[PDB]
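Before any questions on how it binds or moves, here is one chain, the form deposited in one PDB entry, in structure tokens.
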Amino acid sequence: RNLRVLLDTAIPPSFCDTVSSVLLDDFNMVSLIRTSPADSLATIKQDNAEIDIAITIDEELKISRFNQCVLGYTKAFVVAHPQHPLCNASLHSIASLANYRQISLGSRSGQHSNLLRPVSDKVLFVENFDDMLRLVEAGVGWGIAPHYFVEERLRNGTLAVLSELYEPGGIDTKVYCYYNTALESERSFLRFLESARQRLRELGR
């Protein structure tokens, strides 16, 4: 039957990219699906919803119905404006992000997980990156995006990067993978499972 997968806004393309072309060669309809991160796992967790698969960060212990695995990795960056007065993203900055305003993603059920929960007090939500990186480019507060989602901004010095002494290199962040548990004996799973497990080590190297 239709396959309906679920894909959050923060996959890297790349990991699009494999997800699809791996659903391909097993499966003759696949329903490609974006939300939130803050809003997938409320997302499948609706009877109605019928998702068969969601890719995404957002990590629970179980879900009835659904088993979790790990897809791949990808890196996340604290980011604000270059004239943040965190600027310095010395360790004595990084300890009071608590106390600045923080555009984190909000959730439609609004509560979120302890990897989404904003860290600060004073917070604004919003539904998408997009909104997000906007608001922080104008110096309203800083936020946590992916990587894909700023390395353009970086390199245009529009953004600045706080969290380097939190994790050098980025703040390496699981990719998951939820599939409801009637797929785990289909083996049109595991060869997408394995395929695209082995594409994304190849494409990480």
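Numbering follows the first chain given and starts at 1. The term rigid core refers to the most C-alpha atoms you can superpose between the two forms while keeping them within 1.5 Å. First, how it differs from the form deposited in another entry.
- Just a single entry of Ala89, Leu115, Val126, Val119 exceeds or equals a 2 Å CA shift between these two forms, which is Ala89 (rigid core superposed).
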Second form
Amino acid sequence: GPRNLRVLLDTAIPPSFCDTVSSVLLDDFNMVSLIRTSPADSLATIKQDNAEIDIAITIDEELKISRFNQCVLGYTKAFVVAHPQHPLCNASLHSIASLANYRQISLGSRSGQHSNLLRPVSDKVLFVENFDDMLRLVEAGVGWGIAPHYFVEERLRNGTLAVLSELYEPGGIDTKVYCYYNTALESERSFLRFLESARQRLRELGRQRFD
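Next block, the form deposited in another entry, ref. the form deposited in one PDB entry:
All you get below is the one chain by itself.
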């Protein structure tokens, strides 16, 4: 419970999003400790009763977890990228099958079983533990991948990466960011104050890109 709030935030949440969630927690709760995992292992980690994790902020959806409630905290944007001379830039156009005929570089779990959300499309798949690794193989020409905006922002501008999804969803694949909280927190007014403020600031931050 609040004694030591332990919060897990996956690596697809962007720094701005994280640092915002941090402010509000430290403002409403009074011991806070943070854990980071790739989206692969968010839900796995919180399910081990071992990990005593009170709140978890992740893009991965599991409709109902044992001890945990689900709400939607905000949104974030992810891009299909490849190397500029990759063949899927050759093609002007893409469907989700033009892709599955090529090597996808995909996040993997320590388990090896995958959410519907993080399920690879292709069967030409190759698997990596984190996004830096993923981007290293994409950058070298090995396949395509699905990464957060903030991880490919710089390299897209620089031309060292290309984007295949702008026809699919101009601006980015909008990905909900779920907040899974413990039952203990249901009752807590502080957690409800935290939802209010975080939502409101994440909203401000997110709408603020259109200035």
